[PDB]
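Visitor: If you want the building blocks of each chain, they are given just below.
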Amino acid sequence: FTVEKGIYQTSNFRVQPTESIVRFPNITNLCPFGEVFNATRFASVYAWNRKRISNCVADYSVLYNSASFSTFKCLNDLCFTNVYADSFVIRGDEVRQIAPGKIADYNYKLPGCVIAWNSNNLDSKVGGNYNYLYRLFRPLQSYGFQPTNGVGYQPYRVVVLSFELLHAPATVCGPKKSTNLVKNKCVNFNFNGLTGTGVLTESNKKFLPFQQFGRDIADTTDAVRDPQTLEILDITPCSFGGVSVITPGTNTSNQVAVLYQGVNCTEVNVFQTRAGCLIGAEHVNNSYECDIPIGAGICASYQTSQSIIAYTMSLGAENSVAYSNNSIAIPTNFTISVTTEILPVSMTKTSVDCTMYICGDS
Amino acid sequence: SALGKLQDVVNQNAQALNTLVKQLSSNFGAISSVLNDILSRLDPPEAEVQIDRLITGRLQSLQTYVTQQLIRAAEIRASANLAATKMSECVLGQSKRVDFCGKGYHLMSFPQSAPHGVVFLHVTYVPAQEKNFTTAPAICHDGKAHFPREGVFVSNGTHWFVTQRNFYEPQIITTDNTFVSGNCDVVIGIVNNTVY
Amino acid sequence: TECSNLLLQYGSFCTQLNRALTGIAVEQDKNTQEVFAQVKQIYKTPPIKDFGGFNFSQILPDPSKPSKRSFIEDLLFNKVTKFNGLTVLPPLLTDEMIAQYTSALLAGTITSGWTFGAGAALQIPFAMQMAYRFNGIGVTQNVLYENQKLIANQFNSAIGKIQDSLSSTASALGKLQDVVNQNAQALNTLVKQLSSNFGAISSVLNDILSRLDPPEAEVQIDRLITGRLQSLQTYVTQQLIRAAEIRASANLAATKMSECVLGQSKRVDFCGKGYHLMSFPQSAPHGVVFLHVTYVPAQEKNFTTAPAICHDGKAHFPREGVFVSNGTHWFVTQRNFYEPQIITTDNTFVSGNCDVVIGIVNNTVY
Amino acid sequence: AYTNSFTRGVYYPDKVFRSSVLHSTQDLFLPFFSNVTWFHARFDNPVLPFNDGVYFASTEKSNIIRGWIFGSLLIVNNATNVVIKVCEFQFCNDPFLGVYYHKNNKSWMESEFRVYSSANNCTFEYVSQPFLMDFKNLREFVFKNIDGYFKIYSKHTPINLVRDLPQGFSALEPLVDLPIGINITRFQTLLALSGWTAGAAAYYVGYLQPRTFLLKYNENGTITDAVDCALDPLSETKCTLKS
Ligand SMILES: *[C@@H]1O[C@H](CO)[C@@H](O[C@@H]2O[C@H](CO)[C@@H](O[C@@H]3O[C@H](CO)[C@@H](O)[C@H](O)[C@@H]3O)[C@H](O)[C@H]2NC(C)=O)[C@H](O)[C@H]1NC(C)=O
Ligand SMILES: *[C@@H]1O[C@H](CO)[C@@H](O[C@@H]2O[C@H](CO)[C@@H](O[C@@H]3O[C@H](CO)[C@@H](O)[C@H](O)[C@@H]3O)[C@H](O)[C@H]2NC(C)=O)[C@H](O)[C@H]1NC(C)=O
Ligand SMILES: *[C@@H]1O[C@H](CO)[C@@H](O[C@@H]2O[C@H](CO)[C@@H](O[C@@H]3O[C@H](CO)[C@@H](O)[C@H](O)[C@@H]3O)[C@H](O)[C@H]2NC(C)=O)[C@H](O)[C@H]1NC(C)=O
Ligand SMILES: *[C@@H]1O[C@H](CO)[C@@H](O[C@@H]2O[C@H](CO)[C@@H](O[C@@H]3O[C@H](CO)[C@@H](O)[C@H](O)[C@@H]3O)[C@H](O)[C@H]2NC(C)=O)[C@H](O)[C@H]1NC(C)=O
Ligand SMILES: *[C@@H]1O[C@H](CO)[C@@H](O[C@@H]2O[C@H](CO)[C@@H](O)[C@H](O)[C@H]2NC(C)=O)[C@H](O)[C@H]1NC(C)=O
Ligand SMILES: *[C@@H]1O[C@H](CO)[C@@H](O[C@@H]2O[C@H](CO)[C@@H](O)[C@H](O)[C@H]2NC(C)=O)[C@H](O)[C@H]1NC(C)=O
Ligand SMILES: *[C@@H]1O[C@H](CO)[C@@H](O)[C@H](O)[C@H]1NC(C)=O
Ligand SMILES: *[C@@H]1O[C@H](CO)[C@@H](O)[C@H](O)[C@H]1NC(C)=O
Ligand SMILES: *[C@@H]1O[C@H](CO)[C@@H](O)[C@H](O)[C@H]1NC(C)=O
Ligand SMILES: *[C@@H]1O[C@H](CO)[C@@H](O)[C@H](O)[C@H]1NC(C)=O
Ligand SMILES: *[C@@H]1O[C@H](CO)[C@@H](O)[C@H](O)[C@H]1NC(C)=O
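Keeping their order, the protein sequence lines are chains A, B, C and D. Residues 306 to 379, 387 to 412, 416 to 426, 431 to 457, 491 to 620, 641 to 676, 689 to 746 in PDB author numbering are what the first sequence lists, from first letter to last. So in PDB author numbering, the last spot in the second sequence is 1138, and the numbers never skip. Residues 747 to 827, 854 to 1138 in PDB author numbering are what the third sequence lists, from first letter to last. Residues 27 to 67, 78 to 107, 116 to 178, 186 to 244, 256 to 305 in PDB author numbering are what the fourth sequence lists, from first letter to last.
One thing to keep in mind: the hints can contain errors.
[As the list claims (entries may be wrong)] From the derived model, a few chain B residues whose C-beta atoms are all more than 10 Å from chain A: (1) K947; (2) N960; (3) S974; (4) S975; (5) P986; (6) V991; (7) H1058; (8) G1085; (9) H1101; (10) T1117; (11) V1122; (12) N1125; (13) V1128.
[To be verified] Calculated pairs, BS3-like style, for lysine-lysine (alpha carbon to alpha carbon, straight line, at most 25 Å): (14) C/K947 to B/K1073; (15) C/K1038 to B/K1038; (16) C/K795 to B/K1073; (17) B/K1045 to C/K1028; (18) C/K947 to D/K300; (19) A/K733 to B/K947; (20) A/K557 to D/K41; (21) D/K300 to A/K558; (22) A/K535 to C/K854; (23) C/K786 to B/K1045; (24) B/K1038 to C/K1045; (25) A/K733 to B/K964; (26) A/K558 to D/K278; (27) C/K947 to D/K304; (28) C/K854 to D/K206; (29) D/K41 to A/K529; (30) C/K1028 to B/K1038; (31) C/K776 to B/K1045; (32) C/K1028 to C/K921; (33) C/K964 to A/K557; (34) C/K854 to A/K558; (35) C/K825 to D/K304; (36) A/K558 to D/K41; (37) A/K557 to D/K278; (38) C/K814 to B/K947.
Calculated directly from the structure, the hints in this document are not laboratory data. For every residue, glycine included, the Cβ atom is placed at its ideal position computed from N, Cα and C.
Could you put together the complete structure from these sequences and hints?
Guide: Encoded structure:
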């Protein structure tokens, strides 16, 4: 409850990230799933064409959150080797047959997700549609249609997306959200999985046409190239440092100053020093013997009304000896001075045994 | 605050012991930091996985304490060696070494025992009340240069004397205070005068 | 935050580590202060540089440059060449302040000799000061005044050679460079240790948390904590070991400043090789440099010597010196410089008879 | 036959730009001064094991070396442009790419592709930009298949030799990286080509080995020199001291 005069390291300052920057490369090469579900023409159930795709950005969220479907019997956070996206039309109650039925045993056999949509809008020909061919048994005779049909007899354009988890690397990765880029502000940066904290700025380094990252001798990442745009950005460490409190001692006063080691006073009587930022101490042009060492030649003291002052400590009086080639100074008196020197000699002899300390009669 | 060094040693040791004891209240990932609680709650098969976490925790903390003591004992020994040396050549004799026995020209030292340490009272001679004089390396008397055998030539302004080095006790320059070496032609700063 | 809760189970291992490091940091300021804050006042050399022929221009501060740093100090500084919670604190005494202390110590020695280290600074001509130094190594003071021009030239040439040695070769400051390298790699090793699994699935906590549920992610995190905690322990222990080593070196530099710079040392080989005369401190990065001015005898020649001589049935011994012979005549000379002179009754003392001394000779005393 | 791979087979292991440092990489490299196998384009297009990746040099004029078969897989650097296709190709026992040697065109124009006969199970396909049809340059290639991720490196560097690898230094900038995810246990070389005189093109095979290899990145992030950890004691001490 009482602290003696001095400098004390209380806590640790660290600029909390105003934002967590995440910069996935611009979402391009959109997967052709946009046109699979409403292609100009679809094949028969038995003639289901495989639209296997690789290295495409399949946006399942827009498809899943479309409000223009019939059954989503299953996504953008998962990447897969390929998507065996089928394409066909089934008659009403056959939708339930597409699940892990006439269609389920003759035309299709599901061992992914299933998407269905009202086919009466486009595929249903007016006056009788027979373009599709139906395998009644497993045998292709006809399908049959009527525009004035109900729901169980109504066709449904169904595309069956079957995700693959083969040993081959996943290639159909869904879109990943990205933040914006803000410079000159501590923010957590994650462009392509390289998450970290640092102030983001424009750098002078030139990257190789292929290189994306940059690292220091200690293997730490220092500069990055934005995947969305070819800008070389230097990632400096996010501002942080210790917080130490100058106190002249409770026995003297309760006023204190706070030092933020290694900061510019912009991230926090505010005085900028080579040792950090001083708050609560007023800079004085005078120089005295060091009382409390702030650092970098700066010391803080309590003096007269009273306050804490920060000053550049003085090394002593600026004496100049009256030297000349033919003058000598010779003492005419003397003084007998008895000074003190204190040296530690020994410590306390402490003995400790494990079994008592570690376990204890156990 | 004079005995800061002695108090610092006591404070450092007591602080180290306190942290060692405070470490006994840590869990180290175990269900409890009390060994009895683990024993009285769990069967041996599941108590070992918990007691083992404590053992590594207590053991590591104890090892950290011992190594810190070894390093701390090394500097205390270095201080004791220095204190032993000072007693040998600062209390038991007069030392020419500068600042080894306080600021000034060492005269004598006295030891005083202190808790876990020693205190030396260094008696030193510090000159005071200096005065400015004009001085010469030597004096030419009869074509021969005279040098102070143990002294320095100083001038009141009109007369030349020979004081000792560091206490103004002027003396008449005689052939007993000075020795001759060569003629007064090679020393820079020679000043004419008479040698009684 | 998931880890920070886990790390609390280890108690106060980290209040200990910070206490150990802050204890080291406070010591480093004490080391520098003890070595350099050896002068009560900031003595200044006079504008007139009539030092009997010695020019200390290469060791005195040069106000032309911003740092007001000596010429040789500049050579020393050139020769010697905030990532993961790791901060380097600035020393309490700036390089400019250190260079001011050496200037004060240097200025005091030139103008005062050893007096300023034992009280008030008492001026004395440098040539007369060197006479004290010669007298302090057993050589009479007339040899300095007679050879003042030669001795001054020898000092200037010797100081000139130190410039070439430092400027031409960058390997002279190995001791100071080694300290910098050791600290630099200690931090690099500590930082590089963050890239090791220590047995966990990965060295990145985000991956561990992302790819595992808290139960099985907690065990993986604990492996990282123990390894990273252990690596932080070895760093502090090494620093404590090194800090003790540097403190011993700093304690030695402090003693050398007191005994070599603030006075004349009779201790052999302490302040350079030979007979100590003077020492001049210079400031170097994270260290100090001493220029030990030493008196080395040279060009010896053989002589025939005797312990004493018989004059009138009584043995004469030299008051201070040696008995030497030309092969036909006998003289008495000082030991460290051949300055023969007539053997008289003023430079010898009589004690006893002629038949107790082995090697007695039969010369005459005038 | 065999020759010496003096200081070739060095590329950029990763997508990292580092300035004025010396980086040590335990990677799949070509040992210095190694007895690299020597074939001649007499025509030599045998099947060789694709064990732990493989290097490939080509003193290529008129685009002699036009493809390679791994796995079914191909990297057909045809005349038009690079074409990497992943399918269950029914590769011929003697696969190659046919070229009409100035058959009245006063130019070696590619007109045939006997690399494979048909494709059944296609998984991937990539097509790159075109390039000049041209020897005075040492085109070199490296091929790796790790964790399914299939990597390709190459560089276009001028040289002034005829049939031996020059004693210079060059770094193969990566050009392609694909997740074909197939099993590659063997490979073969497809070259320019009933009745032929294969164009003079010294093409080499160097079975890369996992080895530490110290790289010197200049201030521009482009590799300027390198050494090994097993070439000789001198190299070993350099790598230990990172200098
Ligand atoms: C050398 O210095 C010493 C002191 O360090 C001088 O002795 C001091 O002399 C003064 C004046 O003579 C004394 O002051 C007087 O003290 C008496 C009491 O005895 C008082 O009644 C007077 O009114 C006056 O204040 C002083 O006490 C004395 N100090 C000591 C310790 O004895 C000495 O004179 C100096 N020598 C020379 C040659 O200058
Ligand atoms: C520096 O000190 C010397 C000391 O010798 C001074 O010279 C001599 O000083 C003494 C003491 O004052 C003189 O004695 C005089 O005696 C007469 C007769 O008894 C008396 O009336 C005077 O008051 C004085 O006491 C002496 O004559 C004088 N000269 C010699 C050759 O001894 C010298 O003057 C001093 N100089 C300065 C600048 O202080
Ligand atoms: C004590 O030593 C210092 C140097 O060790 C002397 O100062 C140097 O004196 C020399 C000769 O006078 C100077 O050389 C001249 O330099 C100028 C400028 O470069 C050049 O134009 C002239 O042709 C000539 O070479 C030198 O500059 C000067 N300073 C330094 C740093 O070397 C000093 O004079 C000595 N003390 C004495 C002689 O009392
Ligand atoms: C060792 O030292 C003694 C004494 O210094 C040497 O004896 C001296 O020898 C020199 C010439 O060798 C003599 O010089 C002569 O002096 C007379 C004056 O009396 C002068 O008229 C002559 O023209 C000549 O210059 C000197 O007198 C003589 N000293 C004595 C006392 O006899 C001795 O030669 C030295 N031995 C060596 C160097 O081996
Ligand atoms: C010390 O005295 C000597 C002589 O006693 C001085 O030297 C003489 O000076 C005069 C006039 O300056 C000359 O005429 C003589 O030739 C010099 N030599 C001799 C042997 O007399 C000398 O100058 C005096 N020193 C001082 C500092 O006054
Ligand atoms: C030094 O001189 C003394 C006397 O001048 C020598 O002593 C004499 O020695 C001779 C023969 O050795 C004797 O006959 C005398 O009786 C001695 N006299 C005395 C008074 O002792 C001595 O021998 C000489 N020493 C040397 C080395 O020549
Ligand atoms: C596209 O698909 C939607 C289903 O979400 C369908 O309603 C529409 O008719 C299709 N074609 C066009 C041009 O929108
Ligand atoms: C930040 O601190 C550095 C270090 O002194 C300084 O050079 C820079 O100008 C400061 N920037 C701001 C905005 O205060
Ligand atoms: C001492 O200095 C003054 C002025 O600089 C000069 O006149 C005098 O000759 C010098 N003395 C000696 C002995 O050189
Ligand atoms: C002294 O004499 C010895 C042998 O006579 C010789 O080796 C030595 O060099 C001589 N000393 C000197 C200084 O000449
Ligand atoms: C010194 O030793 C030599 C050795 O030959 C001997 O001849 C001589 O007599 C000795 N003299 C004395 C005084 O011991």
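Visitor: Please flag the earlier hints that this structure goes against, numbers listed from lowest up.
Guide: Result: hints 1, 7, 14, 21, 28, 32, 38 break, sorted rising.
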